[PDB]
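Here are the chains, one letter per residue:
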Amino acid sequence: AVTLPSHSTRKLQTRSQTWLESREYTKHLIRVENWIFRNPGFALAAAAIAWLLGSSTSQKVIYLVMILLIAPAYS
Amino acid sequence: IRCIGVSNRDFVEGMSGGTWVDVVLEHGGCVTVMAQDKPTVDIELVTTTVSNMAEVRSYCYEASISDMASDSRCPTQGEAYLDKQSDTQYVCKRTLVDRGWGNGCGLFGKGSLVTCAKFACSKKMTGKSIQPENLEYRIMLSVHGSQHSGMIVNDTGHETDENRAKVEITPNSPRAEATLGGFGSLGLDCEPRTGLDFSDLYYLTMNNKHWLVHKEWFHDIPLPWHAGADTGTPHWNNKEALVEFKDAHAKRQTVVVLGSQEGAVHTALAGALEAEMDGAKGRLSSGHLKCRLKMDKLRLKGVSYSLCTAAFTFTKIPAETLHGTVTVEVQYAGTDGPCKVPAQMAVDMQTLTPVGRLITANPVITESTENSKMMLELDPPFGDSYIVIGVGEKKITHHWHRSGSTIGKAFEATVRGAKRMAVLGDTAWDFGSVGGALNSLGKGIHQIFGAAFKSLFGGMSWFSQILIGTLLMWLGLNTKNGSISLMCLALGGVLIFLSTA
Amino acid sequence: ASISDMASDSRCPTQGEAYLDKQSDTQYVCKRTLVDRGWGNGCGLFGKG
Amino acid sequence: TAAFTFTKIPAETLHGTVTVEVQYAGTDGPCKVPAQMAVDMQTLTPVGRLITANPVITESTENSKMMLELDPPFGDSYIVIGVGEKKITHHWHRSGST
Amino acid sequence: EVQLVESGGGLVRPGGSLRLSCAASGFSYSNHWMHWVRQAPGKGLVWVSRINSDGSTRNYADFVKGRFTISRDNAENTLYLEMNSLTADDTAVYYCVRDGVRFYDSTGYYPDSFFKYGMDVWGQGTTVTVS
Amino acid sequence: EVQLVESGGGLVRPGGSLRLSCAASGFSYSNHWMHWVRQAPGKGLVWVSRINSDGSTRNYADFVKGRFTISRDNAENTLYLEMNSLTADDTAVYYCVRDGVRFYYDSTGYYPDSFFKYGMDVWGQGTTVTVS
Amino acid sequence: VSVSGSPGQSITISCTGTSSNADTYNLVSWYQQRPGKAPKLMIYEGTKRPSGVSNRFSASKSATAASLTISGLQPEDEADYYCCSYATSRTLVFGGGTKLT
Ligand SMILES: *[C@H]1O[C@H](CO[C@@H]2O[C@@H](C)[C@@H](O)[C@@H](O)[C@@H]2O)[C@@H](O[C@@H]2O[C@H](CO)[C@@H](O[C@@H]3O[C@H](CO)[C@@H](O)[C@H](O)[C@@H]3O)[C@H](O)[C@H]2NC(C)=O)[C@H](O)[C@H]1NC(C)=O
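Protein chains in written order, with the entry's author numbering: chain D, 1 to 75; chain A, 1 to 501; chain C, 63 to 111; chain B, 309 to 406; chain h, 1 to 52, 52A, 53 to 82, 82A to 82C, 83 to 99, 100A to 100P, 101 to 112; chain H, 1 to 52, 52A, 53 to 82, 82A to 82C, 83 to 100, 100A to 100P, 101 to 112; chain l, 8 to 9, 11 to 27, 27A to 27C, 28 to 95, 95A, 96 to 105.
So here's chain D without its partners, still in its complex pose:
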């Protein structure tokens, strides 16, 4: 089907290497970097939506980062 839940959630932790230990970091970072590269203007829209919410600067930068992580996965 479409979903097929990822197994890295229940990562079997032991001294030997797991099935695909070479690809996790690059996997997530590559997906985010590619999607943001393709559609830039959503960076502007996310900046606006973050700026309208949150009083101090820290809250606004955190909301910006969370929007830019929640959009590429369409989670």
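The reader is advised that the hints may include incorrect statements.
As the list claims (entries may be wrong) - On the chain h side, residues computed to face chain l include the following (Cβ under 8 Å):
1. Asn31
2. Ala60
3. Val97
4. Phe100K
5. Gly100O
Treat the hints as calculated values from the structure; they're not laboratory data.
Built from N, CA and C at the ideal position, the CB exists for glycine as well.
Based on these hints, arrange chains A, C, B, h, H and l with the ligand on the given structure of chain D.
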């Protein structure tokens, strides 16, 4: 011997006057146990076999479709019903189609069209259960002393060799004695049931590739699933997620299959251990066992011999392992029968005062013919030192320089401790666990914190927990209340998990 | 409604799930549930069947 | 004073108690079965509770079969049966906490 | 010793109905599986059907497409096999069989998959002739 | 004394294929490198192929441009050499050989170091194949 | 279909099913039927022999077939022998039978 080069070995030294030592054995490395006046024994886990697994719930990862059929009804007449809908081997979908005066039925509402297609599955992946009983571990131990460098990884009829022994350990017989002829016997009481979690791990096969899969990932998977007994013409209780009923326009319906699905399963599996299969049994090569070592019936073969005084030649010469130890392979020229080799690390060759520590066993050559070979390894002092072998005026000496001061050794020891705790969880408190009260208190409070941490986090993977680690780091950095330390504490745990894989 | 030849199956404490060959028929009503088994019924283990 | 064997090793009930089935090889007539739950086999200290009774083997034949159930302690433990150097032992692990 | 006795076998026309019976005594009938097996004249043994203690589970071979109906009365220690729409292929001796190996499971109810068995207690068999 | 036995040799038409086999007994087959060597009638010995203990490393001489495939079954103590697209130049006697010298240093027989000390101490009687 | 034997010798009757899970033979049962007699079982669970059945009869099993071995043949032994096992989880099936003279 058998542990010289493994590059992941740790020395377990000392005991309650020789009574017993706790030891955790892992697949990656091995443990060399050295006592006060007893031969150094190297223990290593080799393979873990699982036996008579019971098949459960096999999935389909490649569909095949067959003779489609369809039926339609008048705008008012009711709903479509194909006579192949009463068969548990056909997928059938019902929808609405535009009709009227053109196709054959006079009225203009939407109709109803049913399409059915036969499903055939070529390939299926099966999941099998593993009970923590009938699970066999195979431990191999060997002894230092008299074996030359060749017999380090040489696997042959080790029943005769008298220096290396093999022990099977199963939940039905957790206690075993390894009889090392002339050295006595190493008593070994071990805990196989609590080894590695084996009540949540299914053994998963697709096509000659076998994995260890966590249950709750082999139940929340969306594919056509049978259940257990394969008897005749199978039936899959899904009929969805592998056949796509794509609609056309103007009452046209089409049925397609999704292709072969064996690429999402290979990438859905990430962080699930690999395994291999022999016959009906499954050899896992990644595990974790905890054996208490009752070494109080080990003797020393070499004592009461007279020491050799002929000559010694350093043939393969001295070499440095990854941990600091120094392996030396000596050849003896004299024909003095069974004899005792004098070897001592020394500096200031004016007065040979023994320094360093000799991690061998009872050194001794057992051959008697003409020229014999022997291998012994020494733990040298940090400064410059001389390896001295021989009695008098014919002593062969070699110069040895070891790198890092005691502070470096302590820091590397703490790094090893951090890695071992991060990998083993609570059990790591039992590595050198002669066992006191402080160690038990540590084990307890770490067990509580571990249960809590695994209950809150631990539904996250490398990237996700690096994220939550940085976020909690900021939040604790500028919260200004008294809980900051708490939040900062969390970072360590979470972040250290990432920088030890 | 009128009913007919009942049948059943049960397969252990630690095996898969029961499967009758009359579940692949569109004329039979079938229900799947859990039953207590072990040491008195034939299969050595004590979970729910 | 004989040796014991595990026909089907142990079962674990839902409530945590352990059922064991022992087979007796010797012929001593009716005699008590020495059984207990222990940790640190060096010094066998009774830990846990043996909820059956004074276990006995009624028959006096070559091979006899008996069943007893015991209540383990929450840690890892060993089921010990027998007296000396022939005592069959098993490893048993119970999950819960008090 | 246990003795099984068949009854009800006789000549009948093709398409007729016939009810075979089996009387058991000397054991816990209410706890054993029961089987009906057949053997054609000059032919080998052919398994027909099986039933549990209570009568909940009934299994039939492939050649019986619902023609046969097995049942029992434990209080009377009786077994029955109803037969409808007889043909010539079924003229044979029918043996009533007790299943004691299952009686592991002294209840005789739970129909596990691939459970151990072996049929040693048989009746003398009754002849049915479809001519 | 270890005995190597060659099998499967026979006459074949040009372009044909043949599967030669070798049976070993009396030594730790699972831990030794194995070789196939050939010798044309009245000609010298010509090295053909070698395989390590597991089969992960297969080496062939330059004359065989992928035509031949060497393999082994450790549990059966058997060595196989499958030959395709045979020509008249392939007419020769093939000896199945054990590498005993390498076993002295590398008891695992797996690591295929460059320029390692070797020796093909045990030879079979050889099987004759003629591509005619 | 048939096997011939001399008094005092040993004979083996084989039973093979084609492509059945490679499990089946663990549960094969062997039955004896003398001429005009009710069938008697000699072997159950593949290799276990009941009490009362002579130790003369023995049984063996593999992943591909089952074998029944009768050593020290006697004139009584001449009979029809049938193997039986599961066809599926809910079924039973008897073999073609072998007439031992
Ligand atoms: C691992 O061990 C094997 C041999 O196994 C051992 O053989 C004896 C020496 C005993 O110690 C046994 O308990 C044990 O099973 C090593 O292989 C051996 O290598 C030597 C190399 O010197 C071979 O010797 C040859 O044959 C004769 C001596 O028998 C000499 O005259 C020759 O000149 C030649 O040296 C020996 O045949 C060979 N044996 C086998 C079975 O292969 C192996 O090298 C060693 N590996 C490691 C890593 O140490």
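Checked hints:
1. At its closest, the beta carbon of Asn31(h) sits 18 Å from a beta carbon of chain l; the interface hint therefore is violated under the 8 Å criterion.
2. The interface hint given for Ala60(h) holds, since its Cβ lies 6 Å from the closest Cβ of chain l, which is under the 8 Å cut-off.
3. For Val97(h), the interface hint holds, since its Cβ comes within 8 Å of a Cβ in chain l; the closest pair sits about 6 Å apart.
4. Look at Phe100K(h): its Cβ gets to within about 6 Å of chain l, closer than 8 Å, so that hint holds up.
5. Interface hint at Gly100O(h): satisfied, since its Cβ lies 2 Å from the closest Cβ of chain l, which is below the 8 Å cut-off.
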